[PDB]
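Asks: Okay, here's what each chain looks like letter by letter:
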Amino acid sequence: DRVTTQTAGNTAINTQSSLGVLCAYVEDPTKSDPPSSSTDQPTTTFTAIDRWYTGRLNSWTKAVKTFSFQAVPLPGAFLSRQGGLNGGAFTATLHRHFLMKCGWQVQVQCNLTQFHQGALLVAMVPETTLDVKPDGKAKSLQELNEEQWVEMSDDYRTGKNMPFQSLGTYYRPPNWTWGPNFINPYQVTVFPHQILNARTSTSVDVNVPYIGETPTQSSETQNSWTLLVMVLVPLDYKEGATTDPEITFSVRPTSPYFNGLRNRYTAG
Amino acid sequence: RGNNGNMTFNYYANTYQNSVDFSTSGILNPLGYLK
Amino acid sequence: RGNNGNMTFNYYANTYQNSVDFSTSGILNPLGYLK
Amino acid sequence: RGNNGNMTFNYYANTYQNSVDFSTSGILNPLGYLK
Amino acid sequence: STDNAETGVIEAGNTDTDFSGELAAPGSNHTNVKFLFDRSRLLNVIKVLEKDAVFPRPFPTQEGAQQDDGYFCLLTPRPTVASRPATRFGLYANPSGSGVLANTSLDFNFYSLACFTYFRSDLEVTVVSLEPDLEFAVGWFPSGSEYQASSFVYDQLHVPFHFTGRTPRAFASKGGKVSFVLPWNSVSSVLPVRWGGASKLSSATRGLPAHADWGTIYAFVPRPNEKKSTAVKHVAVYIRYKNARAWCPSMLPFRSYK
Amino acid sequence: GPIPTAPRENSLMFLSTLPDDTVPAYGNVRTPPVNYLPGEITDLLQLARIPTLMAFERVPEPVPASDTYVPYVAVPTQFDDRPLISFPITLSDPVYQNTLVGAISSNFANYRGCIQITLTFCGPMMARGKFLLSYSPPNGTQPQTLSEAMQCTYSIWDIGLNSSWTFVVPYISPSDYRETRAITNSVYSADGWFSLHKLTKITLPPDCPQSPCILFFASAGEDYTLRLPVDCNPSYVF
Amino acid sequence: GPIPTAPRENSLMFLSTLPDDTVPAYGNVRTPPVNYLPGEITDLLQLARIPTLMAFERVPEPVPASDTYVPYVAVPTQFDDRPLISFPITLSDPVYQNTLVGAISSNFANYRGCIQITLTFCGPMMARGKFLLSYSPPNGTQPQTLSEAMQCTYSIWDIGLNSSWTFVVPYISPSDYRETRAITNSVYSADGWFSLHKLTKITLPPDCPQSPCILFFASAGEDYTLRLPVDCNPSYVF
Amino acid sequence: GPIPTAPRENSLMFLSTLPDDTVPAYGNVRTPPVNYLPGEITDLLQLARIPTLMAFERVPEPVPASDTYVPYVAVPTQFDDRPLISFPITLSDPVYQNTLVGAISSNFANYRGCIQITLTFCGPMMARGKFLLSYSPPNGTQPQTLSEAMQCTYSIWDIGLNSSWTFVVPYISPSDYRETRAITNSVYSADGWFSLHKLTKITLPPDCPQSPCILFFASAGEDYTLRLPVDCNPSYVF
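Residue numbers (this note's numbering), protein chains in the order written: chain A, -9 to 258; chain B, 1171 to 1205; chain C, 1171 to 1205; chain D, 1171 to 1205; chain E, 6 to 263; chain F, 158 to 395; chain G, 158 to 395; chain H, 158 to 395.
No lab work stands behind these hints: they were computed from the structure. Be a bit skeptical, because a hint or two may be false.
Claimed, not checked - To give an idea of the chain B side of the interface with chain A (calculated C-beta under 7 Å), a few residues:
no. : residue
1   : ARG1171
2   : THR1194
3   : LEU1201
4   : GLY1202
5   : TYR1203
6   : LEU1204
Yeah, the Cβ is synthetic: ideal placement off N, Cα and C, and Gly gets one too.
Take these sequences, add in the hints, and give me the full structure.
Replies: Okay, structure coming up:
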């Protein structure tokens, strides 16, 4: 049963190496109630947002070290058009509503074949500030193109580089040492995940529901789910094989609830 | 249960000893499934 | 009820723990009506 | 029994006041026998 | 047995799967979330108020600010700085310099076993004096509330307003202790152990939640402002999580190999 | 025999909010009963539901004294594409400061439910006009344009036989409860803006007085709820 | 009348692990309910059963920096009768230090049940080979020979269609429980060694890359149990 | 409401022998069960009933060292009308000092019931002889004559096929209990004497070894009982 073609709206995506769909942490992340904390009528789903959206990540290479990763914030990639992920009607609905609640269906494709070795960890990781620089501003697409991969080091292991409020001249500047948005890179397999091994498959499936600190969250600021693509085993091949395989990803929202209908968002 | 042993008698009512959530209107579960 | 949680047992009688008025012989009420 | 006299009432549950062993799956006995 | 780890699901096996044997019988349940976190541990050490405080200003605090640092304790497992919620934990490695040394706090025991993303519990607070035979009292105000920073005059003695109010005040005896349990008082459903959002639409800091707390406590002497000596006194804070529940399995902190 | 007891560590502590009774010293006292006296108040939300006057500054720019705050907004004949009056939905804002909803709620930490704004046209009966009343969710910039107000939650109010319009501000919040006081001015405390725009100009027959006035009331909806009593502000006594 | 009481000698003692409730100060508070939020964690062994990556040094002898610890062991073509990787079954050892089993268990004093080691072959599909995975009971000298590994508890793993092998380490202990941390390195804390030997060499068609890698996971069996919570190590914050 | 209580004058007193439980600090702990382990000891009188060796000095007068105490009494061929061995029935006497009856009972204040003295003839099978074993009640002078031993409680023991004789010392006391240790050497602590007399000489065929030996055991009867535990003697550790 490795051939699966999954249909949503007017978009159908196909794979011939399906490992199955990782359903965590409920038996169906589409089974869900109207959000109890808002009393206006929610804007529910319709068939032009009941569809998949496809974007591009940076190329995986021999030079990419172990545990180097790419971070795709959701819904932040739609807001920033990261990797060409234009969201159409879904992004148009995002910019016009104050609250947003949904789960996510994600599929990441990478075009491996035989005579190649390597493994990619593909996880949906709650909750990250990995899309943000240590100065507190979000990464631009130029900066995401210049990395080309985020290197694991002392920072991002301990949380030392997470965004912070400066204390000011009144206080002594403290030695920042630790933070709770660390990545423990050996433990990323606790999250809803699959492994894109070169040996066995070209695509992976993860299916996640809505989670949050509140039964709905603000459309502009939430980062409750993040598509993390992390190298476990580096790429190796002999010369004459395909250099620089590409990584694409396909994102579908599940059971969206929109609240607080208002005009298009303009920043301050 | 929790780290509690004095089970015989409770002096205060439940809604004063603890919070309760408002109405809107072992054997372990696996954290992941395959289709 | 009031700000009281120890509901199980009262040591003193009601007419000693509180006053009571002598004999002579939620859903909210509106404070105003229109005719 | 042991050196215990306050037998009427126990405040804490048995598994908190004492240990209990886990499941796997007077007149005096003589310490020796002859065949 | 043969598997595919790329599945993301791996069945928890036993000795009898490949070899000859049987299941080891269960004999403990201490990994239960309601059992594990239901124990008291040292949160923070705060100074004792002897006068009406001026609450610490929001960041960035500038020069010449007249304020009383080190007296207020956020009831958070999350890291704090200068009685306000923080993202990074900070410490001071060297004495020399000039400027105010900000108070920072953590629950190391919590993050050693969180291991999860979301948390909710009631909170037993226990207050222990570090000075012998101290007569002291505990003032609390909930999440979203603030300190009432003024005094009133009785018989030409300035009596601060934090001696009273609608929020709980607990007077300890001479050398006594204070213990009480607090409900989950936030506007939020749960406390985020780790957070990726932003509280404001403009100039907010990513990963800093606004109301991931059970309120703020402070210690004060139950005597008016005229009664004061120079000797500073200290108070330790103990917290215990009641009816703890957890959601969304996640990571444990990195352990350095040096 | 003596009952064995283990006094806890918090013994002899006075706790101001303790939910338990104390010992009576002067019992067996009967008070005069209260059969005759009407108007018994079970719950303070019964007075929160009663509409009371808001406050605004009268006119820009010159005023004889800044204390001249007024419960109405005058409607000028001049047209410019900005709202006549606007205020944030934030219960610590001065526009609610002397309303019963703001004064009662300011002694509580949290609120839930809808605020009900009531308008009253106090102009002459011969006056005709239309107003657009719009509630905006929080945004990076407050809306000012009538086209921007039209994209929000809005209702058009017509001047006619009935003089009043009750506008229920919808409860749109990410969390189940909202903070009464905007300390950090977060999304949990400031719930956007209500604004008044004139749709058409007010038309008058001759010898009518110019610039009629709209009287403003604030009131709590039937679903309105308050939680977590806090210390009062004693600023009023000084 | 006053009840006669005899307070015990441990009166007014604060005990941090006391299994009893204290007095509530701020009751009658209802929190927002939690119907919507999935993934509720009843027990930490549910996360202990989840496989996570182990750690080893990459290659001997020269390394650019000693911090280059890696979740896999590379398989060289060279043959010598020693295991490729070996580590003691001791939950305080650095090979478990950043696994969930080691990190969770290190805050507990005792464990019972089986550790489940999961291997993953990340080489190319055209690669063929065989490995011998052996668990040794404690001994005066750690076994190194393949003949010595064959005499222990062992399983042969074949490279093929299925890429992974789950090796359950058997629970062989003199006592019912075992110590998590090897203070004195006794028989109650160190339960021997797991070792990996290559049975046959890995065979490759030409233009395959040399030295494929085996990815290592550690996980708790379904019979795994933890007891006696202890104080944490705060070394991570410094 | 607060329950009215009257704490007694002995409040906060620690009493080492209090028959009541204290507060648990570390509950919910399950220990490993004990199904496999036999030999469970319910009561120390089960070990008191087990016979153990008494002690006497070997031979008068010259000894190489006074530490040469011996569990038997040698039987010489010489005849004189005095007992071969005698000892008081007093559980603090050195003859009981390293028996289980004396060592267990010395940590108790009182005893009741019978002491059972067991004799064992360790000489050759060809030996024949007769002994008179006599228990004397307390008297102004200890009896020494065989005619005086015959007037007391006595039994004649014959050497033959069965090698052992169990002599039960009768419980003859004015009070229901007797003191273990003779402080003042009163009638309540010293219960007379047991004595061994030879009735006939031991006869031997030639080439038998001279002076056979009788091995002595002390043991508690089935009616033996101990009461009132006291402080131990720590003299053994120095």
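Asks: Hints first: check each against the structure and report whether it holds.
Replies: Status of the hints after comparison with the structure:
{"no.": "1", "hint": "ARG1171", "result": "violated, 24 Å"}
{"no.": "2", "hint": "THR1194", "result": "holds, 4 Å"}
{"no.": "3", "hint": "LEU1201", "result": "holds, 5 Å"}
{"no.": "4", "hint": "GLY1202", "result": "holds, 4 Å"}
{"no.": "5", "hint": "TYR1203", "result": "holds, 4 Å"}
{"no.": "6", "hint": "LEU1204", "result": "holds, 4 Å"}
The structure is inconsistent with hint 1 alone, although it conforms to all the rest.
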